[PDB]
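What follows is a single chain, given as structure tokens, in the form deposited in one PDB entry.
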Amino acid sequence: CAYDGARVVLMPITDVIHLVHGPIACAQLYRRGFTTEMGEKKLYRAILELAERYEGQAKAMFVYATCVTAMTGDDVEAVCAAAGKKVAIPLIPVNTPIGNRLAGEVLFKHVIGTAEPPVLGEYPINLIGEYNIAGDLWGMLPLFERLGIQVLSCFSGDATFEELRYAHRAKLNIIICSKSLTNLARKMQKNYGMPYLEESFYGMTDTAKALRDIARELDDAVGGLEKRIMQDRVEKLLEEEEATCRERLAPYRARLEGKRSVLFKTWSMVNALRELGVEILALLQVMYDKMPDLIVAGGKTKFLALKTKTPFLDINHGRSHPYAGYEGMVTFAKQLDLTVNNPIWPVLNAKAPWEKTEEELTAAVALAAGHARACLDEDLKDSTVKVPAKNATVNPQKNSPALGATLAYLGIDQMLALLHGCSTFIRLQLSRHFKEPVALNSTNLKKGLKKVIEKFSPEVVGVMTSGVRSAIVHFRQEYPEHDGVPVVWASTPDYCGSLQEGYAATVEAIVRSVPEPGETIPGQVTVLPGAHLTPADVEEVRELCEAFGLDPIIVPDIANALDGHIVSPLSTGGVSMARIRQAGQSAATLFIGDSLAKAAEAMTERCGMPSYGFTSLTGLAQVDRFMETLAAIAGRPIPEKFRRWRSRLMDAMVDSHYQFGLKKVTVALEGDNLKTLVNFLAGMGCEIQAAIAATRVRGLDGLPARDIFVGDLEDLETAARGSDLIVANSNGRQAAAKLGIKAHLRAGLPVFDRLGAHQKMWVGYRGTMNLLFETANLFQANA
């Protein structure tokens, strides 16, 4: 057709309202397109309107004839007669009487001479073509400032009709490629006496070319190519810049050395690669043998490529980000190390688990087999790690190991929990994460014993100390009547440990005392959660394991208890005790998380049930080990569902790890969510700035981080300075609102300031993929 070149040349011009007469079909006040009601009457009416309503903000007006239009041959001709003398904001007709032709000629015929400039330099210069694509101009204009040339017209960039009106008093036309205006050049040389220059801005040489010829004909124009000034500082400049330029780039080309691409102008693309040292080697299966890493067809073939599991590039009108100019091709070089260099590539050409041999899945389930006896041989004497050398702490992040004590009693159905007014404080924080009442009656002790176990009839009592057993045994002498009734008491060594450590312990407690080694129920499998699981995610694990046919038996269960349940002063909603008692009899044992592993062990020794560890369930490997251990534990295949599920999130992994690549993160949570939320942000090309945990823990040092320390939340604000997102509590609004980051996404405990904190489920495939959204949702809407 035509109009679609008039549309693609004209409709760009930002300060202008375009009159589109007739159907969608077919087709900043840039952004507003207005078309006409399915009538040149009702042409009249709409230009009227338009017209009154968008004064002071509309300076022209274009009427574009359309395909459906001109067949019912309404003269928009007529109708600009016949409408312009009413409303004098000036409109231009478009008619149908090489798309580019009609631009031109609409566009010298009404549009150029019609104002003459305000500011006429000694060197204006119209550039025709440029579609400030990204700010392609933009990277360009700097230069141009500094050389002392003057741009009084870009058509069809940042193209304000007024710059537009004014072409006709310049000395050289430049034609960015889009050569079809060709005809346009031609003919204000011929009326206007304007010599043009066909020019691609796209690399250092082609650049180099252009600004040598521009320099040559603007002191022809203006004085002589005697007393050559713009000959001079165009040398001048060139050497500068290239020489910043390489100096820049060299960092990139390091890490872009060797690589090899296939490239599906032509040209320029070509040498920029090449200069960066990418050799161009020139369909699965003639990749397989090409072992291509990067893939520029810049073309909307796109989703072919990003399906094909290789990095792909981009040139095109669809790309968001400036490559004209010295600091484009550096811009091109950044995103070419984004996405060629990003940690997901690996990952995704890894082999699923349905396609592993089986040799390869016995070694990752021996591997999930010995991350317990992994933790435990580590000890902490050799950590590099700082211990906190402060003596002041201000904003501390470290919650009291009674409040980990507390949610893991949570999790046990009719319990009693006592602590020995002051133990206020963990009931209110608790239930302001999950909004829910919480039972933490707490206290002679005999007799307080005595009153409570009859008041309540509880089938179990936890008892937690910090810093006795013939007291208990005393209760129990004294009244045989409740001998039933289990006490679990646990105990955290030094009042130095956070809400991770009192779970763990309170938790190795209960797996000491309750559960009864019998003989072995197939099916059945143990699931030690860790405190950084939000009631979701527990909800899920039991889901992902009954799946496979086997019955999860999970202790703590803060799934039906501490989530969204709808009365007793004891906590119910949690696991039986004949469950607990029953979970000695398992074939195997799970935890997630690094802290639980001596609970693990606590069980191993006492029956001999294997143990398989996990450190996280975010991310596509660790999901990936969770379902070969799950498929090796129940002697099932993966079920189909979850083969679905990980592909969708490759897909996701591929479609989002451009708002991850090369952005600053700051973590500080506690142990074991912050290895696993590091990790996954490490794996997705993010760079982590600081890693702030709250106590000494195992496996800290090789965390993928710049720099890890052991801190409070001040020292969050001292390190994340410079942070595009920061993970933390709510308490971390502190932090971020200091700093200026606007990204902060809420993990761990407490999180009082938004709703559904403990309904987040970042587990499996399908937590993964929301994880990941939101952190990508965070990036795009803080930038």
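Positions refer to the first chain, counted from 1. By rigid core we mean the largest C-alpha set that fits within 1.5 Å across both forms. First, how it differs from the form deposited in another entry.
For the listed set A170, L181, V511, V541, the sole C-alpha moving 2 Å or more between the two forms on a rigid core superposition is that of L181. In the core-superposed comparison between the two forms, the C-alpha atom of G73 has shifted by at least 2 angstroms. Superposed on the core, the two forms differ at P292: its CA moves 2 Å or more between the two forms. With the core held fixed, the Cα of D314 is displaced between the two forms by 2 Å or more.
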The other form holds:
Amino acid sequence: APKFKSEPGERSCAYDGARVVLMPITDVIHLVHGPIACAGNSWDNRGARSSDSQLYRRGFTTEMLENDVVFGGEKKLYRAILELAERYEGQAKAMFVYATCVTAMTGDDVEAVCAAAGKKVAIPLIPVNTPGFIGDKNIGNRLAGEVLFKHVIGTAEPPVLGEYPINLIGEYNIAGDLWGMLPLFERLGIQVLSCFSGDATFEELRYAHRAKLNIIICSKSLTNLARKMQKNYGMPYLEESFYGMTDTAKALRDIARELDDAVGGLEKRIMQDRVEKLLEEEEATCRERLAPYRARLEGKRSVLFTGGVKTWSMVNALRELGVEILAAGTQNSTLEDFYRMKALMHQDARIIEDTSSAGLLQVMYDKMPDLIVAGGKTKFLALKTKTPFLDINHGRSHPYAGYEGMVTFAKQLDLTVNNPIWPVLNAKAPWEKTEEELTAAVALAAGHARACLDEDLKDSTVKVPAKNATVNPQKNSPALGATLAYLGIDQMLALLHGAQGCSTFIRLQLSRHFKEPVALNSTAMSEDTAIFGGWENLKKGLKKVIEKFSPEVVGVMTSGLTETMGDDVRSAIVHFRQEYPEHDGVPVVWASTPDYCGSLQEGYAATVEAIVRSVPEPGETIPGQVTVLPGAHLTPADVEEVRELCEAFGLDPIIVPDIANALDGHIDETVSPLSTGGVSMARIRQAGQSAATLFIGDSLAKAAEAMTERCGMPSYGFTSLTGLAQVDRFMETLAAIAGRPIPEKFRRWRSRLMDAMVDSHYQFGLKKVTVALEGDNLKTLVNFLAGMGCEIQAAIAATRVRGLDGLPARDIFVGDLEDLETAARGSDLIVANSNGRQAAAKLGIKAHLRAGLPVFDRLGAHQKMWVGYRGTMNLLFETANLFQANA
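Since the structure above is the form deposited in one PDB entry, I would like to see how the form deposited in another entry looks, so please show that one next.
Just the single chain follows, nothing else.
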């Protein structure tokens, strides 16, 4: 129950009321006479929007200082008025001066200085004298209404006077609220002569005495203004609200009755007939539109802490949406509104009385509601409880009044309630779930390898591409992936058994992506060498490269033509080994990466498998050692923090190949032609004695099998390391392997990730997002985005991989970037490589997320970090920032 004095240790100052009633006026200068704390940290905070000069959104302050406090601040206000009038001529029609606590203490007379400066300026000055300490926000509202009636109403006559004029009193146009009801008011004939304190011109506001009916939306702020206008002008008021459908229907019907009283009689029911016609048509359409949302929003519990008239109206609206109220409490409302809400408040719903944070926490922990529709104060206090929240206040950024506003309200309610993140957040944490679920998750991770391998390519509802001319191919050569994995080995250069031209566009692409040199030497093959036998060139190139650069190991990969005429690299390898025994000490790893076999991902997987099957040998079972085979999707930073996470549990990680140290970008003391930085051959040889194997890519599964049978280690697989659900499984596997509990830093990062998820899920709801990436880095991004609310319009894959059908999206198919812009229609986010920028230019989608390879137009792509809890937080924040910027 409202109890309008106060006890020390909630209601703001009277300046807050003055600004909440006067700031929404657009083309005026709101000069605040006082120190910083009054206007320094409060300007541009009001949720009022406008389609006008937008002069109100900028804040004006006199900047009360040291000397002028003990001398006087009237002269500073004089200069401020004069300068603001002179400089902002043509953009300001009036200006409001607000008295503050310090101004009142100093004895500054706002009225006197305003009268003194009035004669010297052509812009009217309104002396709002509302010191902050004189009361709560209600005193400020009343004083603002007083000054509005005294100095604004009754000064100019309207140029056009519609035969049915009404005044909107108490509506402040928060996030387009006014623009939802305005299309209804002029459609049926009424003219909004003056909408008070919202999207309102000052001259437009001075027309309010020539109307015939007043509509009071917020009773709390401007009821005294309505009463005084009734007393002085014979203007009947009407207390209604526009939040809902039945409430708006009743409001419009009452408006029609009171309009038909004042102009003509109730007989010749001119207004009522059109009001009923519009009501019937628009209500039928709105119900048809709202039906799909109610089914998903039926039976959910609700608790509301809303101050003003919304408390009465929203309870109706929620009740017609298909939800019931468990608790309802208001701090900022009239006693009549409280009693009316209590009348609406059904039994078994208890009215809150403690409006403080402690009382709110009590009622939230007691009622245990699903959704809480409350104010800005209880905004983050309810998110910490991990329950859906909807904000209906100045900070709200959506229109909720009117029929279209009600549709938007239901959309936002479904956005915040049915988000797929709430069950994940409410799930039991790794540090407290009992041991049987830990073993089940560990066994699931262990068997993920065979689950991925067993899935057949034939039974796949995603379609085999059947395009002849593909334009803008997002695929890359598998030789690119072979070179990528070869660069991850310390002191080694890659020998491309190709045609000397494939060396270009492979070295060049990697150089433009990672911004680092690539060696990538090639054995030149001309037309003469293509005919007869092509394995002379392999021996010649091996001899030349060993005699020139002296590598300790050589990686040989095949190109398209070398598979077209089908020379076996291994026979040339054994021949070269036999002819020159002096080169026995330098091993060679050969991997078949034909160009019809797929894209960078398969090439990477195949060369990793070739490395695994050849170099390491089975020995002892030294515990505390784990072997990680990173996928092609992980950037060097991801591999570096995979190493960091492995070291956190005390385990010794061996990463094969080590992209994190070679292609990350490092200025060593001396530049060498070979690729240095990766894992040495001793480490890759001793990696076969590890106690466990982890692979962070689906395509790596086969490689894991290649080490399961050769040495005997158990394998563990994770298709992604993002989304707080896969990172948890990674933590479980790491804890099981190491045998020690998760460190505290990971618990802290999980808490931070939860806080990021709760504070950012509003921008990830029902956003149409398209993704066009490789076989991997597409599952990760799709599962992360679809796991946060966004529905994937199209998940376009570079090549066919196992488990593509399980992705949550409308359609999955394999296609180029042409499929991307022919399928990204009506989408706001594109997740594709940099080369897809053209598609954005064709569709006007300004939100492009650079993922995968290649990314050349954005620097730091190789350092892009999206692994673990911290990487998940970084990706979430980047995507949320893109959503905020593009809209």
